[PDB]
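Presented as structure tokens, the chain that follows is alone, the form solved without its partner chain.
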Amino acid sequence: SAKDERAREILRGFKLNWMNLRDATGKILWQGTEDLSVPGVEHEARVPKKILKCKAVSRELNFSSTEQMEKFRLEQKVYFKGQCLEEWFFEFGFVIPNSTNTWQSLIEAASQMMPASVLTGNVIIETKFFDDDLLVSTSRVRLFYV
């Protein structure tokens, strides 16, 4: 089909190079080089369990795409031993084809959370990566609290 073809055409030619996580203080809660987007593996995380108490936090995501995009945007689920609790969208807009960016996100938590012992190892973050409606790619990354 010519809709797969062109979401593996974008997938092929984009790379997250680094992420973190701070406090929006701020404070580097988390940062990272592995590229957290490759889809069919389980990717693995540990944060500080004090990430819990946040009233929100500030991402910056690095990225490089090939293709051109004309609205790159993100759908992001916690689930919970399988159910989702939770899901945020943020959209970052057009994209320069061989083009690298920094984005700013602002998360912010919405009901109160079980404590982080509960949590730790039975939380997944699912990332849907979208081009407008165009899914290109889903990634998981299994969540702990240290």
Contents of the next structure:
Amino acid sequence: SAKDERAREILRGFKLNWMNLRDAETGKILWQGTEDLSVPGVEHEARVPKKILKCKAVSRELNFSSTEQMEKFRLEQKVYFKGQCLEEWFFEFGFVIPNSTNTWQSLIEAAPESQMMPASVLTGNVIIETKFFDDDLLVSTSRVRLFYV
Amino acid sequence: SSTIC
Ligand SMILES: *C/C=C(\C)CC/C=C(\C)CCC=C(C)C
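Hand over the structure of the form deposited with its partner chain bound; the form solved without its partner chain is what we had up.
Starting with the chain above, the whole complex follows.
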């Protein structure tokens, strides 16, 4: 398919360079991944400090490079807990210049305290499924298992 | 918003 070949071109040219999760109230980086978590067909793992569950909001800063242009780069992320979808997150970056490196910052706000899930319940049981799109074209689907430490 | 983040 024309569309499959293009998706593959974009992916071959795409990578996540680094990513921070920063406490938006203190400024402190709590977690910094340097692995390319866009890579599909393998389960990635991430260990995050459990005190991230106490933040009122987190700044997620993602640095990525793309050889190909994208008209409307966006993400859909699902949070699966023991295979149940609990949450769905949507983020839009927009136009990506060909051969560019870009930092994308987004604020993820905590739910009310009474709805937050405990670390000991979550750890090892959460999968984040990320679909990377250019508008309606699915470029990659990646999976990351989270451990809260 | 999130119950895990
Ligand atoms: C506070 C947010 C948490 C606990 C999880 C955020 C997502 C990851 C860490 C890993 C997946 C992220 C991408 C593939 C962009």
